[PDB]
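**Q** Assemble the whole structure, with the sequences as input and the hints as a guide.
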Amino acid sequence: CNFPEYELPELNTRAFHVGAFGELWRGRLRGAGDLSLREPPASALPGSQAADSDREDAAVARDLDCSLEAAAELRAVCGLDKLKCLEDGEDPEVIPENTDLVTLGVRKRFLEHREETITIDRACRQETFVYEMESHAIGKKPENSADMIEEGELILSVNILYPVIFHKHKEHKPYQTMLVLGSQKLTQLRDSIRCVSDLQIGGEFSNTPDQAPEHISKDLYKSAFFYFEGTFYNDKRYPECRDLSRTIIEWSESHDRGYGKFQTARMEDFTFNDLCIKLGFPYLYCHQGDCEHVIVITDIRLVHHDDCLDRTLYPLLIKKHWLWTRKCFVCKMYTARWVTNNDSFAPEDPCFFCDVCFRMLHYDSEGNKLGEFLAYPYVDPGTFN
Amino acid sequence: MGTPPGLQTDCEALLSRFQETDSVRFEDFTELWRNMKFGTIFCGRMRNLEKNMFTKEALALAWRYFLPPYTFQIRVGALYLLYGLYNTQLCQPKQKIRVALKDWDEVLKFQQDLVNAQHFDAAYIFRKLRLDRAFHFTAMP
Amino acid sequence: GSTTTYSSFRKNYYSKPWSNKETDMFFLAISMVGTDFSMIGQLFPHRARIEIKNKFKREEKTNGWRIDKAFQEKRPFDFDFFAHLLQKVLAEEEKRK
Amino acid sequence: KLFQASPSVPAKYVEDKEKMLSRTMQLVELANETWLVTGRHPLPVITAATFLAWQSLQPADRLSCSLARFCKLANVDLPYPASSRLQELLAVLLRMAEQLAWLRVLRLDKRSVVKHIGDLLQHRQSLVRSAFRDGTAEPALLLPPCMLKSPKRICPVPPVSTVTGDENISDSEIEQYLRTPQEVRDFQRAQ
Amino acid sequence: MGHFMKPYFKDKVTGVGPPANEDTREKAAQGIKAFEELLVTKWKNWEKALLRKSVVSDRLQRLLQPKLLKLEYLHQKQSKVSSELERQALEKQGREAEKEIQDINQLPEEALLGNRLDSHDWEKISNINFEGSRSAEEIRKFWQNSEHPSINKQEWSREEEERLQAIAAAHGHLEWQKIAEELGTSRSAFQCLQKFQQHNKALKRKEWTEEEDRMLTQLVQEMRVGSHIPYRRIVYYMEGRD
Ligand SMILES: [Zn+2]
Ligand SMILES: [Zn+2]
Numbered sequence: 001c002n003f004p005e006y007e008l009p010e011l012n013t014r015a016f017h018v019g020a021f022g023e024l025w026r027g028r029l030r031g032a033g034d035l036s037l038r039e040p041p042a043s044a045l046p047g048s049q050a051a052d053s054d055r056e057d058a059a060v061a062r063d064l065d066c067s068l069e070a071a072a073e074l075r076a077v078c079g080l081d082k083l084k085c086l087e088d089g090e091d092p093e094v095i096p097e098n099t100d101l102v103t104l105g106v107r108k109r110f111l112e113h114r115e116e117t118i119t120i121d122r123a124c125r126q127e128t129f130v131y132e133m134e135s136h137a138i139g140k141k142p143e144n145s146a147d148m149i150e151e152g153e154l155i156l157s158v159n160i161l162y163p164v165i166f167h168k169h170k171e172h173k174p175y176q177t178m179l180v181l182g183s184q185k186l187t188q189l190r191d192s193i194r195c196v197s198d199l200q201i202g203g204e205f206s207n208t209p210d211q212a213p214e215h216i217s218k219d220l221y222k223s224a225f226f227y228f229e230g231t232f233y234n235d236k237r238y239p240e241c242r243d244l245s246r247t248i249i250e251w252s253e254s255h256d257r258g259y260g261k262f263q264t265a266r267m268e269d270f271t272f273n274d275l276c277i278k279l280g281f282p283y284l285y286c287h288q289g290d291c292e293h294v295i296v297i298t299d300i301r302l303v304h305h306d307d308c309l310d311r312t313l314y315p316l317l318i319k320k321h322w323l324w325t326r327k328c329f330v331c332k333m334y335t336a337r338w339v340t341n342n343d344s345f346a347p348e349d350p351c352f353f354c355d356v357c358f359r360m361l362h363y364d365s366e367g368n369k370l371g372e373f374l375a376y377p378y379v380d381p382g383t384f385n
Numbered sequence: 001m002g003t004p005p006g007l008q009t010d011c012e013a014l015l016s017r018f019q020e021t022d023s024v025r026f027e028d029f030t031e032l033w034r035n036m037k038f039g040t041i042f043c044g045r046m047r048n049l050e051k052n053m054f055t056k057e058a059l060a061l062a063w064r065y066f067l068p069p070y071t072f073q074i075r076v077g078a079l080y081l082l083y084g085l086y087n088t089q090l091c092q093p094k095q096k097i098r099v100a101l102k103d104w105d106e107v108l109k110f111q112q113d114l115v116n117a118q119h120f121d122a123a124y125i126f127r128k129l130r131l132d133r134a135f136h137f138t139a140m141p
Numbered sequence: 001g002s003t004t005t006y007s008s009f010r011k012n013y014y015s016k017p018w019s020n021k022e023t024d025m026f027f028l029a030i031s032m033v034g035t036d037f038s039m040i041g042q043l044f045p046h047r048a049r050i051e052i053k054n055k056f057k058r059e060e061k062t063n064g065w066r067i068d069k070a071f072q073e074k075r076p077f078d079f080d081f082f083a084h085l086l087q088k089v090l091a092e093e094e095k096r097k
Numbered sequence: 001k002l003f004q005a006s007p008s009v010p011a012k013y014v015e016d017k018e019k020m021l022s023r024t025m026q027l028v029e030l031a032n033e034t035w036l037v038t039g040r041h042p043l044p045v046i047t048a049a050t051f052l053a054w055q056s057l058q059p060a061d062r063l064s065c066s067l068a069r070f071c072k073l074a075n076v077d078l079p080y081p082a083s084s085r086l087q088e089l090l091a092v093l094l095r096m097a098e099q100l101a102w103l104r105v106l107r108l109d110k111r112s113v114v115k116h117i118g119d120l121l122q123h124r125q126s127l128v129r130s131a132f133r134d135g136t137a138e139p140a141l142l143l144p145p146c147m148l149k150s151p152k153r154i155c156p157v158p159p160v161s162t163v164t165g166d167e168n169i170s171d172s173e174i175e176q177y178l179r180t181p182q183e184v185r186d187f188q189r190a191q
Numbered sequence: 001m002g003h004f005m006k007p008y009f010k011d012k013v014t015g016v017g018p019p020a021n022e023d024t025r026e027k028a029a030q031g032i033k034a035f036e037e038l039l040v041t042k043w044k045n046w047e048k049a050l051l052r053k054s055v056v057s058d059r060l061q062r063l064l065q066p067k068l069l070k071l072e073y074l075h076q077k078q079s080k081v082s083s084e085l086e087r088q089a090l091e092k093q094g095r096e097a098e099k100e101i102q103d104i105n106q107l108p109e110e111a112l113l114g115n116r117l118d119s120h121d122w123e124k125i126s127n128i129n130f131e132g133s134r135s136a137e138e139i140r141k142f143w144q145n146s147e148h149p150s151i152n153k154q155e156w157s158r159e160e161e162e163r164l165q166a167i168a169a170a171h172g173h174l175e176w177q178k179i180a181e182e183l184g185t186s187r188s189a190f191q192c193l194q195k196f197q198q199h200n201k202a203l204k205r206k207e208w209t210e211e212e213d214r215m216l217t218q219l220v221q222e223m224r225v226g227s228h229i230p231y232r233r234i235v236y237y238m239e240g241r242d
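Protein chains in written order, with our numbering: chain A, 1 to 385; chain G, 1 to 141; chain E, 1 to 97; chain S, 1 to 191; chain V, 1 to 242.
None of these hints come from the bench; they were simulated from the model.
Errors might be hidden in some of the hints.
Think about it this way: if two alpha-carbon atoms lie no more than 16 Å apart in a straight line, the pair counts; the simulated EDC-like pairs of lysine to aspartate or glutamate are [unchecked claim]:
| no. | chain 1 | residue 1 | chain 2 | residue 2 |
| --- | --- | --- | --- | --- |
| 1 | A | 140 | A | 7 |
| 2 | V | 10 | A | 253 |
| 3 | G | 109 | A | 65 |
| 4 | S | 110 | S | 138 |
| 5 | A | 222 | A | 198 |
| 6 | G | 102 | A | 5 |
| 7 | V | 204 | A | 355 |
| 8 | S | 115 | S | 171 |
If you only want the chain E side, here are some residues facing chain S, beta carbon under 7 Å, derived [unchecked claim]:
| no. | residue |
| --- | --- |
| 9 | 2 |
| 10 | 6 |
| 11 | 79 |
Built from N, CA and C at the ideal position, the CB exists for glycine as well.
**A** Written as structure tokens, this is what we have:
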């Protein structure tokens, strides 16, 4: 059955078909309206329930199988005045002293020691990106009707891991997280990814540095594919696309290398609803022939009226990781735009140069090459991340 | 990230001391809530990201006690804990309880049980959370 | 199977090492039976007669004086008593260990 | 099976037969003159020599291997004494290395010496005559291992002797070897 | 779960991934560099000591192995000739190498290293002495430009700093080999440029300009979300920042 469950608890889940999984939600929610994108009334203090009582009490009696007076009694008893230890207007910036929470004692221990001239600041908590992604998109609605999320639509959470692996840590992961819709196709996620590998350039131009190539890798090659549950989804919408799956299968299926048989499909063949996938399981995506991204589905859920309903912002980037820039070795402060080899001036090979240091060190006033070296243009993945 | 710092201690203390009341009414749980002022948890110089994330994690942690194999009374206390956490939060928009597909139908059946048990405070609070749509239809908690 | 069938002398199999209390009991049997390695092998069912001969040969290298001292420390002979002593002392060794 | 690529032996394991066989010949010539082969099974010597020759032809890709880890890839079985011969030869090469300053300066050991034999084998005869203590026509002993342990004492003259075996025998010793009738009946009961 | 990191396809018994595909082949033919080429590791102290040790060993070998070759060849010919006088002459030529091995063994390490531009087998130093962990030309650059004892390694004196700043302008802050040679302190062009740029007012800015402001504003409008921006990655697009 397409019934979610853990395979390794809180790490990865058992497989289910995405479309049947959404229909399994909607068979328990369709008609009830709890999955909708329309604003419902909310709980409040008992003293202002008069306006809402006529609508609320009849429905409460209907669903709880109780009388109107019983519904009113429940609505009065379950008012938020019994729970709001905080009055409407109190700020979150201070720990109230009128509390017995162990959590707030630990929070007191967190906060108070920072109240010193060395530590007074309002800097980041642990990570900066996530709430900025939420705030700028949460609760918005599109300007165009065609860019509106359908009610009850499935929202996946996909972690696209960077090709630059830390190779000193393995618990936490390098990735950027993008939400995608179940009805949308893999082509759109492939197009949305801004990865720097599309911008790769090269060529040796020490004799004529101004002749850097006119084409980025995105203009020369457009190959890309996802890989799920043993199948490839390769893009073939352009003549600059090659089916890398064939090259992969023809080698991987030639021996018991540790992998099963595979199957081939195009990028435009599958919606995310058509997939049968495991959450938390490392899947694969690739483009430009060598830029492999590990794909992890970290979450999948129905859309709700509090979510970002403006589809112009989708695939909705929701988390990211902060790679460092490749700073020039000469000045040790500025980001490099050039890399050289066989350099008679540089102390090491390879040596990374910024545009300012590269040109002045290796050329004269009129730009003629000085010394012995080879140079290549450089686009920094530590910057374009 | 998992259990928020020290939150599990407070949650289990409140739930156990409520269960010791031998009562299922919401009023006793609110008396315990307000005596130790649990609702103050969302203050404490919590910038927005931490506020939202802590709300999410706390609601899932209380979900784990709202689920089986816990008995009726302790599940009712967990439901009251979820109600208090959700309606005392200072988030905008209000963050949600993560509810699994494997849990949603069992929890509707628990709504039916609360209705049939005549302990209508828990049933009304569950329907109030549904009206608030605090429950988020997510694959896992 | 491969042509590189290595061959070496394997008659030196792993035999169980001799215990210290077992050695004391061997000396006691020398005192109370004598050097009848067959009847000793019956008394020590764990040890066959060739092991008894090997024990004699190893002990006589340095502990021949103890062989003589035991042999002169004569005692009445009872098979059942010797068996009970062997099992009881080994069980007590296990319990101590 | 090291002479052509296979899934068991990728290129980093593949090697040319000529080079390794030359190295193994250069090693066995060392083995006998060092008394290593006399009185021993030879195939352990060959196995150790081949394993180390293969390692040192590409040690960066091969110092991570092991005797069994090697032999299983080529479908080969190895002697347990192969390790003994390996220890012997490692000691021999560490003894060899100290004779040259431009090898001594690296402070070689078991881990590092394997990749340097390519340099040692170019001066072997010079190393030997700077290394053996037996400088006679006919610092360390160039003698078979069975004496390299050094005698506890160097075989003083044996005690060739005789005894007067014609003396009267003490009957007490004879009688001690006899069971009493009590012991005879105990034996009967036990039997 | 982390075993799936790159490459996603890795062989169990051999450990290698799939071969170079067509796009990678054409990229390599065009000289388009991969991101794996961007990994650089620091020279640590024991690595520097190992480099000195390897170079001294290499020079000593280069010096002695010809001598040992002469010794062995003359000995071999001495062993086979029956002529007594020729035998003694060959023995004399062997004694030459016999004394030369001893003499060379006693040289000081600096004499072994020799001049900055002396010949070394950088390939052998890389693939044997360093176990291949560092490439031949990389080791050559490091040695001959930073580590060989003849290169200046001292801190910049005040007089040297001011004279560097003064002469850099005459060459238009270009042609830094000429600047280094004119400074007269045996600095390298790279060293001079590094020192100059770490204190150059034209590079490191308290100031701001119209084009820098324009690029900063455009990148901020393009990439900011709420409070977040990539402060230190915007450096690549507008110059003089870090
Ligand atoms: Zn891609
Ligand atoms: Zn920069």
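**Q** Provide an ascending list of the numbers of those earlier hints which the structure does not satisfy.
**A** Violated: hints 1, 4, 8.
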